[PDB]
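Shown here: the complex without one of its protein chains, the others still in place.
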């Protein structure tokens, strides 16, 4: 199944943060309405924040996270969870190798902000 | 119900990161097996990272997040989500006022690391 | 009588540790030379350590502990005890309510260290 795609409310600001747990350098692309809005690169085996920014969901509200390492797409896992019917997390894990810890790049989207 | 308390696998490194979205200065305390292990503080109304750090879950794996603003505890919502039986997120939202957006301090715990 | 004030030997490392046994969120201020040197906050009814720190007694050796819950100073009990003319504990109890168990925040200062 498709992973890493989330439909946010239209024209809503959200935060996106990325963490790295791999010897390989993680590049994370966040696409808004099928166009790229932010790009994080970094290497870390200790969960360092390689990127975090605020973006707007736009007309569409379509948000997609992709994870490449050295030009190889990583296998993604994802889900959205909503607490008290109002606080939202869109969650992405990814695997770049064979150990299946799916933490090599971890991406957290949260809204609303402010 | 108790919120913000999570049982992790024993002696496991985990990441904890807090973002803020409130006029009020947020204070996040992270206790591991009933000893405070990390303390974040900051103020932001557009999701700034006010703290991030790697901790070990220790013998019993008990992690608790608490959020206060000027000595008053905020009301917490929480849940844990597990993807592909391997990647864990423990999620905390908090409300320090009356608007109930529960994003005033947002805390994300993730594991495994490395 | 004043409680929670102790005169340490000047320029001496000491440990300070706070426990909580209250439904109320405890805020422990530790002042050295009448300036706040450390602040702990936390909530527990099972004696969690809500803060621990190593500090220096400074020029004056004067250390003071203050406890409030939601801005209300608690009533303090204190004493100092010295074992084999060497081992020092400065002890603080505090009550934030009416049951007078004086365990709501418990603060223990010990020296020498090392």
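A few notes on this one:
The letters A, B and C name the chains in turn, as written, and every chain counts its residues from 1.
By our rule, contacts are C-beta pairs under 8 Å (C-beta built on N, C-alpha and C of every residue); 3 or more make two chains touch, one makes a residue touch a chain.
Within the entire complex, contacts from the absent chain reach the displayed chains B, C. Annotation: of C:45, C:59 or C:60, C:45 touches the absent chain (contact as defined above).
Listed here are the chain C residues that touch the chain not shown: 15, 17, 19, 21, 45-47, 49, 52, 54, 77-79, 81, 83-84, 86-87, 89, 91, 93, 100-103, 106, 108, 110-114.
One chain is missing from the display, and on chain B it is touched by residues 33-35.
Heads up, the rule we're going with is that only the chains that are shown with their structure count from here on.
Chain-to-chain contact here is organised linearly: an open path runs through the chains from one end to the other. With rounding to the nearest 5, the Cα superposition of chain A on chain C corresponds to a rotation angle of 140 degrees. Central chain by Cα centroid: B, whose mean Cα position is closest to the mean of all protein Cα atoms. Centroid to centroid, with C-alpha atoms defining each point, chain B and chain C lie 26 Å apart. Those residues of chain C in touch with two or more other chains do not exist in this structure.
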